[PDB]
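Participant: Take a look at the letters that make up each chain.
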Amino acid sequence: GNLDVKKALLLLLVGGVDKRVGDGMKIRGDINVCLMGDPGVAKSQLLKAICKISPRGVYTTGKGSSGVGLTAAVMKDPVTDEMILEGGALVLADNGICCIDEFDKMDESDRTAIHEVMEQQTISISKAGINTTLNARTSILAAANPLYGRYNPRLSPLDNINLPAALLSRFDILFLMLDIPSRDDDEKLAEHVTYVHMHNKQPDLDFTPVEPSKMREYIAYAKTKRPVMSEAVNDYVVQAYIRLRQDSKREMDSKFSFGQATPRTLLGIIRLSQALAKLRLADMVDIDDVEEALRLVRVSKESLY
Amino acid sequence: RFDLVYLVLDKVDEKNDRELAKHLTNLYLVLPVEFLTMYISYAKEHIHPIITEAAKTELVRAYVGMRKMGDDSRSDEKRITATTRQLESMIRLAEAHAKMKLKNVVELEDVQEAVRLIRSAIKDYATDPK
Amino acid sequence: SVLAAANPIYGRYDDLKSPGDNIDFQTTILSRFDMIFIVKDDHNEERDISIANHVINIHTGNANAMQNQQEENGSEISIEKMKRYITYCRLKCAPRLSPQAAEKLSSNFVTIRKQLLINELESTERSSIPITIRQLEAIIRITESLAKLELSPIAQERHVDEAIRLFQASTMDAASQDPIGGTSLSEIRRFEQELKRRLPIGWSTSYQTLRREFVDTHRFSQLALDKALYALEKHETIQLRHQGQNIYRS
Amino acid sequence: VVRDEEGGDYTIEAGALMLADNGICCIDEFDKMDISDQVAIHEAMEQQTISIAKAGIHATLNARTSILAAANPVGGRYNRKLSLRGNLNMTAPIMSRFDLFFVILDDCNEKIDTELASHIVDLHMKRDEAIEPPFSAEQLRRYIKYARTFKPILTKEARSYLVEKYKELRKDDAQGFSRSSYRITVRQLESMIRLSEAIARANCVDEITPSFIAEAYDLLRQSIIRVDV
Amino acid sequence: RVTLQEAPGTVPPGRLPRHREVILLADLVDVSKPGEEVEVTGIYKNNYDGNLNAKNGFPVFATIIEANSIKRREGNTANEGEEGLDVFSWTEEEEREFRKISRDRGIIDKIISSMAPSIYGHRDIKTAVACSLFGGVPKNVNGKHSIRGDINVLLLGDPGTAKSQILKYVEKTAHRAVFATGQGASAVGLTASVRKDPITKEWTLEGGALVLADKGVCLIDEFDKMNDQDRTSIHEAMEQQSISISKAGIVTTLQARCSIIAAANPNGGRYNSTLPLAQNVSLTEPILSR
Amino acid sequence: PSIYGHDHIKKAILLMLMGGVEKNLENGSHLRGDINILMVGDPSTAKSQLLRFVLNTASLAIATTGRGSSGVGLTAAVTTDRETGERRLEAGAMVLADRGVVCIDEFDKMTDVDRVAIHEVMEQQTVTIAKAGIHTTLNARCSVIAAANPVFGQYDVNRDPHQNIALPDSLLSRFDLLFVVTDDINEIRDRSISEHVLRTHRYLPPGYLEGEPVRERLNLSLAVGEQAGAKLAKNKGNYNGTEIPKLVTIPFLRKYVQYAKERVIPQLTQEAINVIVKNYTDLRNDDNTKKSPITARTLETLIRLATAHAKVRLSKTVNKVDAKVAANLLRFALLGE
DNA sequence: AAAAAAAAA
Ligand SMILES: Nc1ncnc2c1ncn2[C@@H]1O[C@H](COP(=O)(O)OP(=O)(O)OP(=O)(O)O)[C@@H](O)[C@H]1O
Ligand SMILES: Nc1ncnc2c1ncn2[C@@H]1O[C@H](COP(=O)(O)OP(=O)(O)OP(=O)(O)O)[C@@H](O)[C@H]1O
Ligand SMILES: Nc1ncnc2c1ncn2[C@@H]1O[C@H](COP(=O)(O)OP(=O)(O)OP(=O)(O)O)[C@@H](O)[C@H]1O
Ligand SMILES: [Mg+2]
Ligand SMILES: [Mg+2]
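Residue numbers (full-length UniProt numbering), protein chains in the order written: chain C, 424 to 728; chain B, 701 to 729, 741 to 841; chain V, 518 to 699, 706 to 773; chain Y, 612 to 840; chain D, 387 to 676; chain G, 369 to 594, 630 to 740.
Honestly, the hints are just simulated from the structure, not real lab data. Some hints here could point you the wrong way.
Keeping only pairs whose Cα atoms sit at most 27 Å apart, straight-line, the calculated DSS-like set for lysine-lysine is [to be verified]:
(1) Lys779(B) - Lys722(Y)
(2) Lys624(C) - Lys449(C)
(3) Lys722(Y) - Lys755(B)
(4) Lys601(D) - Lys457(D)
(5) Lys767(B) - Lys782(Y)
(6) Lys601(D) - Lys554(D)
(7) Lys727(G) - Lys624(C)
Let the hints inform the model, and build the full structure from the sequences given.
Facilitator: Listed below in structure tokens is the structure:
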């Protein structure tokens, strides 16, 4: 299952609108998606599969290994102890896909780093006069869980991520995977798992005409095509943002208060429409892309209940 | 102890949201150069304006005026908003208003600009009462 | 072997306060210990006179003679001889039990466990001092040490009775020491009213009659026995003589 | 006390009071000190020394200082209805340490604030150097260092007036209430003696006149006038 | 040979101390102790050294001090009453005068009245302090019973009662005196502590404040404001007269014959005459009984 | 045999010592194969003794205490060899137990920091060391058994199970089986256990008298050591007669374990699959109170329990009886009889 | 490089 999560992963792979705008204003094609769900939903396995299929993917976590954040991998490395270092940098943060599990686990240092890599902002932490900043242009994909370990009937922002709301508002797309006990879905899940176990392989019950190396080729092929923006959707996206602020007029109704006012919502809508044009379409952005981005946002919010 | 303070409150309205949408979409689709920096350096180095006796009366009148508003027809002893910090803020703002345009002595325009720009923030500094 | 000295919270035990909030040790730590003794201070001026006499004697001017006679009359042995004897006994002997002793220990353990349950069902909180199978092993070890003292290759009832006596002392002093911690009190005043009203000074009545009367009424047996023995604990108008039959009013 | 990690320093570091030896320490915002300093101070002033014993190093340091502090009454504005103890949150034992108190209030009088603003403006632009004190700073320092070389004594009538004044000051304050007003100790008598000596020094006189005692008593009484108002 | 630093009371504030090396010949061995401020009269000498020249680049010479006399100056800073290396030593005629004046009637009254001659009243405090600083006789019964022979004194009262002055006089009076105060002392500061020597790199023992108070008095001020963790570490010092350490594989017991004199203030800053002592102070029975 | 009761605990230990097989896929990466068991209970209920027995009877095991361990030194250490003059990694406690079992006591008293070092092992059974210029992944495919006390002195049956256990749910979800034990006071059980414990203490080693303590013995007479089927000397196992049901000795049981862990690799079938899916669907939708929440990973536990039970009876196929017994054991461990 | 004691936050 989880077709919409995989669709969001596809939209993440292609990337959004990029290569700057007039008069030097900065825009990034990277998409930031945070996944929420209870333990035991195979979100970690999905992240591992994404890292496998993405050649630029990197997996990190809060400590466990020290030389992965805020420090260069060559610090104090040479036998001469030449103190080779770039200063403030991350692991392959240039055009990389950073994947993190237990997003609430990391300490203040890695939290500061992930806040510093916001919106293609370079890391300029200095210690001994070094300022060789790493130009971080990366897409952030993280998975986390509430501290309760289960969804709660109370106000959903009280569960949130246990992270500052400023960091939460940065993310383009928020998904919530809540486990609902039912017969007609758990039967299918158990049947799928047991049929996988019986064959000791990926079963023929799966029906996929396309292959992982084929996706590896086609993602580069579709990235090469690189459609650009068409102006005819400006009025439609403006009125959609007007209706989004109309929703912001009802965010005080509470119990799913995440429908807050943020220009980054509109920017992410534009980027997602651009990515929808990029994934298959030629050098043209369709209103259907805007509609699909809107539907994806509504589905993202609808998981709150 | 700050010299000034400013507040931004984004509230959802049709007109301003429409204007921001149009403006940012057009950006998505008269500006000087380091000349500004050299002008700033020249003003900081070669310009040392002073205030004049004419503006002293206006300063005193403004201080009294905000002292006048600090009390009303009730003996509650309303909050004393006319602090000496207000005086020093007005003085510095007026002197800086003489700093640009390469002037050497202050005029009235300096003091009215200073008092307007200092009381605009105060008028938005109130809480839910009044 | 661990020999530990400790002081309760708030200095003196403060028996008016509940036993639960007088000891800060958890259940896990207390179970490993198996001989806990509560040394409470007392005042009756006779033990006090005796202690003062003993200290004034134990000053160096007198004890240096008297203690010497303890090695001259054979009452006590020197420390080094005790060390030699104890290491010899540790090396040589290692006793064993007998089936009658096992039966006695089993019955005693069942009895104390049932008594603990009886206290717990009334106090409606968990006991601050637990009784577990570790305690049964403890009594077994105490019996073995008592038999080991006299180099006996087998342990018999003579040592078992002393071990059970010591365990009962160390149990009633700490665990079962006032388990109540101080229908509520409404029946207590009601029960205090009738005995003053119905039974004057100098006369007496059978326990069976009162128990029958206040089981027929609403008081029931559980409330009466506690009230009766606490009116006795007050000890200013109620006296028991002639076994548990004669309820004499002093 | 500080030490480098696995480095044999065991060295003490000097606070502001340590640096202010034989001088004047000026503390601003006295209200928000913490427990350690709040309990070290009332030993620092009265005994003129500080003692510490931590982690194997012990010492007794000199802290001969004169302290001057400023405070802000709780709630922002001083409540004239209450007293010094009611308005201030700082503790009673620290109160007895100090020798003098000064409370200064602002108001909304239109006459005063206009003069205040005018005086500020005059020194800002017109006469930034042309202020008129009766004496120059050099003359002030000359007189200060000349008067510092005098040690006054006390005479018979001075002692009699002093003991009478101390008796009166102990009596009139203790007559107010019990278990609510406790402010006069031997420290007050010592402070009165010190103020008399300082005033005698100011006039460059090797003896003390009961008028100086009267002035010191007036200052101390006005310290208790201020708490009443 | 020993390393000599600068006295913290003599160094200008905020600066660093200066180190020197002192060499003690025969009869001077173990006279000085770690942490004890001393005054040494000696001879200044200089000698050649290799790596000092190597690292400085100039013909510089190392200097050491060959000690000739040592005088202890810990606590008792009053150094004007009499002269000599040890002011606590007596001649034969001084002993004869001691015996002559020790036989007059009412000598205890004169001794009590001669203590702190500039503090008025408080006769009971003077008597208690005299009885505390004269001490008793430790008792040993058959080598298996020990009885403490020192007296502890606790002072409690209102401010402005010259408790600190009396404590300072006691510090000036006793042969061995250690002054602590309030929050300025820690639990492991009074007791002996465990430290790693930077040279030989292994755990060792460092003498605490109480060890310096052995055969002497330990004076504590502001006893109430000291934290409970820093207060519960002197029970053995007041009662068992022994300090036991089991830390970092080091198991040793240290002797401590010290008399503790403490001052404090009651709750609220003043003493409520109409209340019991249990509601006047926050101390408990185990500390009050000692 | 000297522990009274806890029969289901014994069955769980038996199934854990010879757990299921590990799975590797060209696309599915790796699947965990063995079983981990955690027990929580009030003091003096014979947990540490069972842990010592498991140490003694296992092919390979390492004893670890929560307080007396450091997580960084638990996995690997950096030591400089005296001869070569270079620094090389020294194997930690858990790495030595590869393809073994690790027992940890006072688990709830063990420092929180080092807990993450355990979780990594519970994640992919591999520890990564990146320090001082060494970057290596070390295999550690061991099983872990632990016993911990509740937060209070005694278990409160009226409280939230999460409330009684100090460990976070993140690692508690990893353990396949959670057991809660309590010493309910009952005079019948008290008498039975008293008789049993007294019976145990009245024991004497063969050929040695009761008047003197145990003395140390020398090594074997032979420094290096080394008619069939008609004797059954130690094959039947019943050394002493106490019950109609049989018993087996420790050496024969260990030989059985050695044979089973190597000679048989069972394959599951659809008949047990139907029972497994039916009981998972039933247990998930019973909709009543339970000790712990259940999720998709429990079906994996059922599969490997059925595999272990197929291994026990030495069959290459999994029958529905193994599914039934696994479901019964899980219901006991989560519902209670 | 890794374990263990101390004072300040
Ligand atoms: N939809 C699913 N299909 C198949 N297996 C699933 C599914 N959801 C969960 N699983 C199972 O869950 C396990 C992986 O989920 P896992 O618990 O590691 O993820 P998680 O939700 O990030 O939790 P945690 O933080 O506890 O690791 C696997 O054993 C997998 O078989
Ligand atoms: N007879 C006396 N009684 C009390 N104080 C006296 C007496 N004679 C003189 N004084 C003076 O009174 C002051 C009392 O000292 P101090 O303020 O330290 O007392 P304290 O109550 O012990 O102090 P604190 O407890 O605050 O440390 C000293 O300055 C001392 O000179
Ligand atoms: N069912 C039992 N059969 C035999 N002995 C038992 C039984 N239950 C408890 N015991 C005895 O209880 C004692 C306590 O042992 P142990 O400390 O290992 O138990 P535990 O439950 O693990 O306790 P803890 O929580 O303190 O570790 C042992 O001497 C053991 O023999
Ligand atoms: Mg996960
Ligand atoms: Mg145990």
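Participant: Taking the hints in turn, state whether each one holds.
Facilitator: Hint by hint, here is what the structure shows:
no. : hint                  : in the structure
1   : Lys779(B) - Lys722(Y) : holds (12 Å)
2   : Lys624(C) - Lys449(C) : violated (47 Å)
3   : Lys722(Y) - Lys755(B) : violated (38 Å)
4   : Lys601(D) - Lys457(D) : holds (18 Å)
5   : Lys767(B) - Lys782(Y) : violated (55 Å)
6   : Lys601(D) - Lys554(D) : holds (18 Å)
7   : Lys727(G) - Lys624(C) : holds (26 Å)
The earlier numbered hints that this structure contradicts are 2, 3 and 5.
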